[PDB]
Every structure is written in structure tokens, then in C-alpha cells.
Amino acid sequence: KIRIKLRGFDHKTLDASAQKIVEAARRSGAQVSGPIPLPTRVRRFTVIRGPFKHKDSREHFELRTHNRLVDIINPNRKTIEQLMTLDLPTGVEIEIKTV
Amino acid sequence: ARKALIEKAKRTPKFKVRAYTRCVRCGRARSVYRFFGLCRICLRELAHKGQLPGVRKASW
Amino acid sequence: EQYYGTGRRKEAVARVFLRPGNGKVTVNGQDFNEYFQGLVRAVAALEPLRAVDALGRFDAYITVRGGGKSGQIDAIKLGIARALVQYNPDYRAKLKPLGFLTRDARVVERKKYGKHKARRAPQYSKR
Amino acid sequence: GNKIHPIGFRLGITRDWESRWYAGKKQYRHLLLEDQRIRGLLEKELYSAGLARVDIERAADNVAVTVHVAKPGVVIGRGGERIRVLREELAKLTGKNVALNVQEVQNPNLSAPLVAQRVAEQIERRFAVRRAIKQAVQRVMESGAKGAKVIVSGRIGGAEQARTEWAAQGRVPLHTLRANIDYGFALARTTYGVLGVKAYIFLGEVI
Amino acid sequence: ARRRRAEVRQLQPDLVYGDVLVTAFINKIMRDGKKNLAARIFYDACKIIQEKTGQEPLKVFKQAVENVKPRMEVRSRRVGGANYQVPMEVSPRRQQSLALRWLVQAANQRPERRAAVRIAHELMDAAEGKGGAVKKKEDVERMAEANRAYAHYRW
Amino acid sequence: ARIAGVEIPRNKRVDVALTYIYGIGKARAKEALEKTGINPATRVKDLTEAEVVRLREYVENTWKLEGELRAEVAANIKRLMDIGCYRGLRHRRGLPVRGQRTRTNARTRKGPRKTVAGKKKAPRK
Amino acid sequence: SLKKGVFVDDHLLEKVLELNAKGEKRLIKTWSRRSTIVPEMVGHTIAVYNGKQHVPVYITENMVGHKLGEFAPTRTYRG
RNA sequence: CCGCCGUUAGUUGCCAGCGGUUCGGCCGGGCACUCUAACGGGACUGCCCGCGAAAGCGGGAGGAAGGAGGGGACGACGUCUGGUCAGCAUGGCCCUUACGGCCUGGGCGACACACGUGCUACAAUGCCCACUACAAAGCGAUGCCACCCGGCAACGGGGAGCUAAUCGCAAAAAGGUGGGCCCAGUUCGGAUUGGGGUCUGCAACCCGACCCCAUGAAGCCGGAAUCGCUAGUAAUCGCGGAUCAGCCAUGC
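Protein chains in written order, with the UniProt record's numbering: chain A, 3 to 101; chain B, 2 to 61; chain C, 2 to 128; chain D, 2 to 208; chain E, 2 to 156; chain F, 2 to 126; chain G, 4 to 82.
Some clues are possibly wrong.
Listed below are the simulated SDA-like cross-link pairs for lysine to any residue, each with C-alpha atoms no more than 20 Å apart in a straight line [said to hold, decoys possible]:
id, chain 1, residue 1, chain 2, residue 2
1, A, 99, D, 58
2, A, 22, D, 60
3, B, 58, A, 51
4, F, 115, F, 91
5, D, 93, D, 58
6, G, 70, G, 24
7, B, 50, D, 60
8, E, 131, E, 152
9, B, 50, A, 99
Keep in mind the hints are simulated off the structure, nothing from the lab.
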């Protein structure tokens, strides 16, 4: 019922948040639908070298939008408690949806 | 024409087809990604200078 | 009881499920000579069990999606080659010189920047 | 002379950003708008004494106002009053969540932008190009470095014609991933035009 | 190139019978990635070959193949700015490669209707010993002879 | 098949017969074989005579063909030069009707290229 | 152009209102070659700003809903 | 990045496995199969045979894979008095009731020739109508729009779903079954133009694109010559998006 999506920009710190969840989620609670990874937005981008007119000669760039998901089944007081209080999502903004 | 380009796009005239993009960190309109509000060139300068997050050297 | 093959060539996924019988060669929900006709790559999909012509003794229930038609067919081929590599790995060391194990790296090289196709550049002006 | 930005050649893992927070489509641009305007404001009315990192992490209106300064002493002022109203202007324009971070990177000969700034300062204080630059390089090698390369580009010390200038020492390997090299760009300047100082500090293999 | 000696590399040993040349000829029928339609039509042409005259389509094939096989061919000798157009005891590989190519394009130089028509018919004449591809071939052999002068300027 | 202005196509499929004909392309010919009840597949050489009669009773007693068309062309083109409603003014030029590019391409509404002695250019070296 | 309507400046309309019920001067100097030569301008002198001068066109009648600027290209010389 | 298998993971996937099923992976349920994304193993002339004084050459196997396995990024010292204050600076000069700030149309779309880049064709391996299938990626809140209604169509009115592996763009085409053209400037080829609407947007004549009927011209395959291309590459065939009110979109 308490299903929480995960918006994040960098993949390394991403698991560290999900693992932080995964542990304390089950630890204090119960069955937590394991770290289900969601296909990254790899936003397409191109741009040439100079300020100039050498048309060719380009450097493509992209957006690296990483998103994941955590899902629980039990209404533990403590789960809710620390795991919506004890947080540090510096470059991670999370979605919280009561399905 | 350079100081007023910035003011036309800012003050906003009348009709809806009287509006145009502007790289605010280089004051230009042509090839300016609306998603960043920056020119391909401004995007580029701050990208190489290493200050653009959620973006990277695309490798695919 | 069941023979699974991971049928893959150039992003064409083929789940190979083999059973005993005469050859229920169904793929994706249609008979073989129906999903793939008017094309010879069809028969070569059968080739794995034609170089070891047990062929018939296998209600060949395969599923195949993704990538491309012919490519699908070939993926299916390698899958078959891996489903019997399971039950009876004796076929593995004979089919290895035959080459029914080598996958496929004949892939889609990226649309390189500045060209009309993979390796196809614009024409020279100058003159 | 296509020396791709070392930072650009560090993006993979070998260097971190000066901003790291989330943005959901339509809002990204607005972030980078303010974000950068702050950044630059900080840059200007604060640069006074060494500072590279224009770092800021964020999310729901919260702002991790972060920065790696050099000297912190008189730059904090006479009790914390320099920081006070500056942070008040940040809080002003960015009426959201200022949380100042004033740091320090011990060594001047660390972090290429810093010595870069020193080098531009040499010539901005009308001083011998090759000399001051070579000696700053030797400072880099002295304090404890693995590479020292800083070049100055422009109307070199005088006379119309204008190129760059040699000041290399040690090893400067920069085709390598793990080399963790800092890159700075001092904006040198003269009454008669523009000079360009580029600094390269090689720090270490596989860290 | 100036490095190695390239090679030729494998083709495909007839996805129905069991021989390269069949499917290689198919390769040199190809209508732009159309091994599909081109092979299709080649085999249409094959079955109709067997139905018209019933003598082993690979006997008629081998026959056309050889009867269009240039043992010697006229190239261009190296004397700087003067190419003495000199023959050569050609390698049999190119002999047969050329061979099948000439067969194809000659059958194509026909103004008939559909493909298997031009194929079957020109392949009949080519087998027999009159075909247009065979006209070109006999021409080249004859050029090896008309270049009796160029007997010792080969590359 | 002298239906319209002496149009006689002949022994082909009726619709193609009508193809080689002013005022009628594939569309008006299909709808001919619709509003006449005749079959498109059968030949125009074996076409029954009262069928052709009611066909001409369709075509000529409905729209118009080659006569009125190019004539009304020349007329509404008198209007193209009545004052010179710029498009038609460009038609009075003996030049294309649009406003595209006459700097090169015009190889239709202006006859074959009228050779000039180059002129020369600007030192590109 | 338009779909449900015929694009016409209200300058035309408004100034037609004025000089029609009074019977005033000739000369119509609209600084716009956009509006339509609608039948609501009979056959009068139309000195519209060509881009240099005010090209005065004597409208016929068979002009109808066919645009103003249609009647002065400013493109000196042609072929 | 791409390929083998390996670990966890299970609103996409899933009978693979069982019940049900408006009998649709639709409801139950599962995670091994698809997949997804971090974490790994894996190829090192390391082993086998012959060869050279060595490098290394050829052949055997194992193997997803040989002997640089395909790629992208990375492109040194240095040259070119290369280019750019119409990206930005910043230097020097000149303009300052105007080389400056604004509005209005015309223009950067002109036309008697010229190369250069490109697409469409000049046709029967052809191509028009029809019937069915397989891509991968991307993109979508006053945005995406399925579907119903409406015009013969263009497209318009209505109106469900999604800040998304769950809704939508979307229909791939090439193909394959099945129908025609019967070598014809053709039913090829759509160029050119007349009669009519659509939507955009203050506004579409000169200056948008889109659709119907008719026109259906050039063109029956390109001399001197020059371009590209070493394997999913050439060729051929299709898709999205960057800027975008709209679109000049054969470009990228």
C-alpha cells in the first residue's frame, strides 16, 4: 500500500539510499519489495565545438536520470517513524505514493 | 543591438507569437535549449567548466 | 522433461521451450510455416536439429520477439542449439566446431556523427 | 591545441560537480537560473581570498549553500559579520533556505584554480610573466605535487603580438582516467587587453 | 592494401542444397539487401530450370560456369606512364568470380519481362555455348590471344 | 469513344481509357464506373454502346472538360493580368507563380537556360 | 489564411464608415498591406505604403476577398 | 557502449508451472524464463601441435568470444601571422538630440547564367490497391491525446487515460498472401497551374504548411570527369527528437 518511487541523479549514491531503506525498512518492519530498478532517462543532447561555423565537430551530452522503487506491506510504527524522519537525500528527491 | 535584445525578451510585448528564447548567461537566442534556457554554447562552456549536474559526457 | 534455450542475435529475444513429440514448431502463437514463410532462413532455424536430425522427437514450443524478423529466426537457431546443450551436452563438443554456439556481434554500429549511414560520409566539394 | 577541459575529462568518476540535486523537467531551468545567479554573486562579492568550489546540493526548497574557500580568518570578518549580510543577500534573492558553508583547502599549491588565481594575480600586479609563473610552478612542485603546468595566454607583457607562454614542470599525464587532476582558469588582464592563465595540478594515481 | 593480402572469406553453402556458389551467385543477384526476393526468384528460376530441361540444374550450372571461365585476362602492365595492356594467367578464383558476375549482368542486359525469365533463358544459352556473358568471356580469351605481344610484360 | 471533345482512347481498361483524357483522371473515372454501373475491369473496346451513351450523358451533363477549362484558364488569367494580382503579375513576367527562387531553379515555368558569359566572381583562391 | 472569416483591419472599416456617409476626399493611406481588398472598398484610390511610397491602386471590383499587398511588390525590375 | 553466463531484485514481463478466464497474461499466484542497474566472473600466445636466432608466423582445442573481438570519449610538442568584438569578453578608434531606443511594411525569398551540397525519378528484382507481422530509441500536463461522432478526404466537434517499463504519440516500412499495369513520356515520373477547405497564429498577397478534382510538362538512366564505401559495413528501408504557434526540414 505504501509504495515509494525514487527520483535520483547519480547511480552510486542511489543504492546507498535504497540499501539504507531496504535495511531499516525490513529491520523495523516486514516484507519490502526489493530494489526494483527503473530504466534511466538518458536524455539526448548534441552541440558543436566553437562559437563558430565549422558545422561538424560536435560533442554529444545527455541527462542521466536514475529512478527506482521501494514497496512495503506492513504498518509498523517504527518504519513510518525513522524512515520518514531519519533521512539524508542530498541529490535524491523521492516520490511517496499510497497505492 | 545587444543591450535591448535582453529587454525585449524580458518585458514581453503583446501577442503570443512575439516571444523568443535567450541564453541569459551569454545573451543569445539561436541554438538555445529551452530546457536549460542556455545556448548550446553556454551549455558547453559551463559543461566543460564542470558545473552542470544531471548531465555528463554522453558516451552511448 | 523440458529443454530451454536462450536464443539471441542482435536484440532479438527467443525463449526456447522444447518437449517430446513430432514438432509443434509454434512461435509467438502461430505455426512455424506461418510466422516465417517465403524465406529460406526459416529452414535454417530447423538446421540445429537437422545436423542432429532427431528433429521430429521434439514438440518445439518456442516464443520469439524483439529485434527483427530474420534476426528473430537466427536467435531461435542459437536457442535450439542451447536447449539440447542442456540435456545431452555431448552435442556441445561436436556443435562447437560446427559453430552453433557463437552468438552474434554483427551489431548495429552507432549512427556516427557526420555521416549518412554508419560508414558513409558526405561528398567532396572543393573543385 | 584541442586540450579538452580536464574537468570535462574527469566527469566519469574522476571529478565531482559544483551542483548536485534533482530537477523534474520544466523546473530544471529555473533552478539553474537562480543557482547560477547565486553562484556568480558568491563568486564576485566574496572571491577576495581564494575559492574554487561553487558547490551546492538541494531539493525541496532546501539549499546546501556550500563553498570551498581559502583563507577563512579576516574573511569571516570581525565575529561572523562578513558572512552575515552576504548570506543575507543570498537569503534575499534566494528566498528559500540558505545554509552557508565556508571551507578551506589547506594548501595554496593545491587545487589548480587557486594557484591559477595567484598567477593571474602576478601579472595583474604587472609582473614578469616567465619568471613569476615558473616560480609558482616550482612552488607547486615544492609543497608536494605530482604535476605542475600553468600557462599564460594573451598579449604577453607587451608589444602587439600575442601568444601563450611556457611554464611546465614535473609530469603532467592527462590522458589517464585515474590521475585526479585539478584544473583552473585564471582570467588574467592588462590595460591593453586580455591574458589567459590555465592551471593544471596532477594529484595522484588510483585513489 | 599495402599491408596484408586481404582474402575472400566465407559466404554461405546453399541454405537448401549444400554448396557455396549457389548462394554466392544469390549474393550477386541481391537487389540491395534483398537476399529475400533475389534468392526467392533465383530458386523460382531453378525449379523452372529443372522443369524445362530436366538435366541436373547444377550440371547446367557447372556448364555455364566453366563455359564462362577466363583462364587468361588482359590487364595493364607497369612501365610508369605507359600501360602496356598485358594479359595474365588469371587465378581461377577471380576466373569463377568474374564468371558468375558476367552471367548475372548478361542475363540482366536482356529486355524481357521478369527476372527468372532472363535468368533461365540466358543461363540456357550460356550453358550451351552462345550466351552473351559467354560472348564477353570468349572476347576476353580472344584478347589474351590478341595480346601475343604482351607475352613477357606480365605483373 | 467520342464522348467529350473528340476523346478516343480505345482498346484498354475503361479507367485508363478515361486516364488519357482531359477533365478525367482516375478519380472521376472510378466514379464514372460508379455512377454508370459499368465494370472497371472489362475493356473499353467491348464496351456496350448504350453504356457509353449514358456515360457521355454523365460526363457532359455534369461537369465540363478540355474546352471550358483552358479557355477559362486564359480568362481568369486575363484576371491574372486584369491589374496584375501579383501572382498573376509574375505570370505576366513569363515566370513561375509563387515567389520561390529564380536565382537558380525555375526549370519549368521558364524555358531552358539562356547562356551568359559568366561574368567572374570573387577570389576564393 | 483565415477559416471562419476574412481578415480585415478595423482601420479600413472605421475610416470607411467616416468618409462614406459624408462623401469626403479620395486617397486611402493605410500603413498596412495585410488587410483584405474585400468588396467593401468599391474601386477607390488605395495609396498603401508600398515600402517607400504609398502605391495608389484603382481597385476594380473583381478584386473581391483577395488581399491588399497583392498589388505592389516594391521589387523594382523583374524579367 | 556492445556481445556469454553469474547475484539480488520483481505493478514491465510471466502458465515456464497450476486454478479460473467477458476465456485477452485478463483474474489468482510465482520469479527461475524477458527485462531493467548497480555488483562481478570472463581472453592472458595462457594451453596443444609445427615453425624463426628473437619478434612472431601458421595450424588444434577449449571456448559467447581469439591472437588489436566492433565502438565512442580521450586527440601530445608544434604549424598555419587560420577564423571569430554577429556567443562572450576585453583593447584601441569613431559615432552621442544619433553608427542610439521604439513602430510600420519591403527585404536577408529578386533573376538573363554559375558551381556545391541533396532528395525525387527516368520504371517489370519493377510498382499501384489489399490483407497480416517483427524493430529499437525517444518524446508527451493547459502537453500527449486512445475512442465515439462528423466530411467521400484534408481535418473538425466531442471526449477516457499519464508528471509514465503501467496511458498516449504509433501507424514502422522493407516484407508475405491476394488483386492490376502488359515497355506505354505509360496507371511510370510527379513538375507546373487553375477551382475549393483545414489548422496555426494579431496577421499566411508579396512570405506558412496541409487536403480534394483537373492539369499530369521535363525526363527512355547522365561525355571530360570526380565522390563514397572493408562486413550487418555498401546498398536498400523506416522511426523519433533538437529549434519549434505554425512551418520553408530533401537538412540534423
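query: Which numbered hints turn out to be false for this structure?
result: 1, 6, 7, 8 and 9
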